[PDB]
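Novice: The primary structure of each chain is shown beneath.
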Amino acid sequence: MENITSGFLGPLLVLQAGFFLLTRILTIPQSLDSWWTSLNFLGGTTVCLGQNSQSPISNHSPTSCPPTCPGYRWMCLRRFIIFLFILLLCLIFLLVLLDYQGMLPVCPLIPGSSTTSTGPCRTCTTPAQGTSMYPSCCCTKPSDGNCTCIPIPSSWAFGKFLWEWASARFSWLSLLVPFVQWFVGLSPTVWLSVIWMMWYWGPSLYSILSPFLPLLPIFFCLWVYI
Amino acid sequence: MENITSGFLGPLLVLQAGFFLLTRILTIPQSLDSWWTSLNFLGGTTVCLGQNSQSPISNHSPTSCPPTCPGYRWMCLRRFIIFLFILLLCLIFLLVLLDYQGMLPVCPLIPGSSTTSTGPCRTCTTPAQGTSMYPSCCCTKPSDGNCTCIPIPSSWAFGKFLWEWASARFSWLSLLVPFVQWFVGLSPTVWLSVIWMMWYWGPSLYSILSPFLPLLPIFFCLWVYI
Amino acid sequence: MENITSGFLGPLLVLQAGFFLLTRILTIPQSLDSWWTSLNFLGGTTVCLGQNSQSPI
Amino acid sequence: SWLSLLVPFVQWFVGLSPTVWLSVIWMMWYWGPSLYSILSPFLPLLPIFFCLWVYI
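Chains as they are written, first to last, in the UniProt record's numbering: chain A, 175 to 400; chain B, 175 to 400; chain C, 175 to 231; chain D, 345 to 400.
For the record, the hints were derived by calculation from the structure and aren't laboratory data.
A couple of the hints might just be wrong.
Unchecked claim - Some chain B residues close to chain A (C-beta under 7 Å, calculated; not the full set): (1) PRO185; (2) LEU189; (3) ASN214; (4) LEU216; (5) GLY224; (6) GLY245; (7) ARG247; (8) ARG252; (9) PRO279; (10) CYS321; (11) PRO325; (12) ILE326; (13) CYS395.
Cβ coordinates follow ideal geometry from the N, Cα and C atoms, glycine included.
Turn these sequences into a full structure, and let the hints steer you where they fit.
Specialist: Rendered as structure tokens:
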């Protein structure tokens, strides 16, 4: 062992990493076939309908399958679609993971008057054009020379800037933001109960909603006059 | 009150309009369901799995037994999952669309002596470990230092902080990018020829590589360990 | 401009809304119809038991 | 003389890379009879084009 073990392990580590990557790639097609098929197979079988008569097999070609049996090009197409979906999903997941980051940039520029500096202002900003919006802070104002704006927050990511834009878009949603805020403020043993209630009883809830779904315009007519 | 008639008119108009939109939104889940169904119905034609044999639908099988009949919880759950996936895709699309917009900043950092305009360095000297993504540069240093730093420059790929600034996390990836460009840029009748050949014998070749690909893990570790 | 717009469009929108309201009112009926259809379903059919023999349909 | 003018055309067409003739042949396999069937109506169109260029 000793150094020879380490030298082999380095190559062994590379081989294991590559094999794991290839297995993950293959499984993503297999696993996606699994999920969606069970979606079709929730009360259903897995018999590949692409197994045509000119492909002699009783049922050997009948599970999210084709290899080369009869219809196989469309199975490859399904595999490619699954690969694209998996690529998109993993890209999104990595994007979120690097999005929190603690340190991702989120340099914001919105109208405000919050002050935290050393001996600041007494010249400040006097821009009477372009409304209250602020541009890149090299020196935002048309005539600003000693300008200094606001540094990125140790919270989240550009979601702050979007929320600033989003709050402009919607104000009723801003009011409901406290509602979801206190909803998430509930303890961890809240989401599980919510899921359990939504479990089973949720289809009945959608059923019951279907009645009021026709009645929804009538209900809106009240607030419409309001 | 002829004008007031007009008001109630516009109100009920908005009413029916939102009604339809909903209908369109609900169909969008059903539309995606049909789309993926055809994806599965590449081989298949039409079926709803839950439909029991002892059922008036029987020959009526698609979404006919997704909730009103037979398999309700799982089929409706699949519909809800598809709707959630569609909503997530829509959110991603909106985020991608808002990319090239206004108030779009990357707020990046890189070491250089360039300046957008007349910038006096005044012996700008204060360095630190990890020059990229240094302190806020609000003249946050042992002294002020007469600092001028980067605004949010007007260019595409605002998230270049990862594309190039964090590209140092994998230098070989940058090296492979030159190799990617080397592979690219051939004659116009090169990508088309590759596509035609791949469509011609892609299945046979992929089968040909099957165990060779499994056998590939053996090699290129020993070569390094040599 | 010769664009009448105004009342001519207003009457047309009124007719469309009235048709929609009539459809909704009738649905309310068939809406309760199918909610009581839900009442009898979970394994229940809906055929006309009365309209079985004494009808040429 | 006009043959020489078209000679450079064929010279550069066949002057393409080796992976051009195979694609052309494969197209000929798939299209030849189908192309003949499609262009059969064009024969009546061909007299119309000849008449058009006749005045030109």
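Novice: Should the interface hint for B/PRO279 be scored as holding, given a Cβ-Cβ cut-off of 7 Å against chain A?
Specialist: OK, holds: B/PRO279 within 7 Å of chain A, min 5 Å.
Novice: A closest beta-carbon separation below 7 Å is what the hint needs, so does B/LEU189 meet it against chain A?
Specialist: For B/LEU189, the interface hint holds, since the closest Cβ of chain A sits about 5 Å away, which is under 7 Å.
Novice: Given B/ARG252 was flagged as interface, is its beta-carbon under 7 Å from a beta-carbon of chain A?
Specialist: 5 Å, holds
Novice: Regarding the hint that B/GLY224 lies at the interface with chain A, is the smallest CB-CB distance below 7 Å?
Specialist: At about 4 Å, which falls below the 7 Å cut-off, the nearest Cβ of chain A leaves the hint on B/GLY224 intact, so it holds.
Novice: A closest beta-carbon separation below 7 Å is what the hint needs, so does B/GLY245 meet it against chain A?
Specialist: 4 Å, holds
Novice: B/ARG247 was flagged as interface toward chain A. Is the shortest Cβ-Cβ separation under 7 Å?
Specialist: B/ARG247 check passes; min Cβ-Cβ to chain A is 5 Å, inside 7 Å.
Novice: Would the stated hint for B/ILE326 survive a check requiring a Cβ distance to chain A of less than 7 Å?
Specialist: Result: holds, 4 Å to nearest chain A Cβ.
Novice: Please check whether B/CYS395 passes as an interface residue: C-beta within 7 Å of a C-beta belonging to chain A.
Specialist: 4 Å, holds
Novice: With a cut-off of 7 Å on the beta carbons, see whether B/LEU216 makes it to chain A.
Specialist: Status holds, d = 4 Å.
Novice: When the nearest CB of chain A is found for B/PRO185, is that gap smaller than 7 Å?
Specialist: Interface hint status for B/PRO185: holds (5 Å vs cutoff 7 Å).
Novice: Per the CB criterion, is B/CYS321 less than 7 Å away from chain A?
Specialist: Since chain A brings no Cβ nearer than about 10 Å to B/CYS321, farther than 7 Å, the hint is violated.
Novice: Given B/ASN214 as an interface hint, is its Cβ closer than 7 Å to any Cβ of chain A?
Specialist: Since chain A brings a Cβ to about 6 Å from B/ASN214, closer than 7 Å, the hint holds.
The structure fails hint 10 only (numbered hints given earlier).
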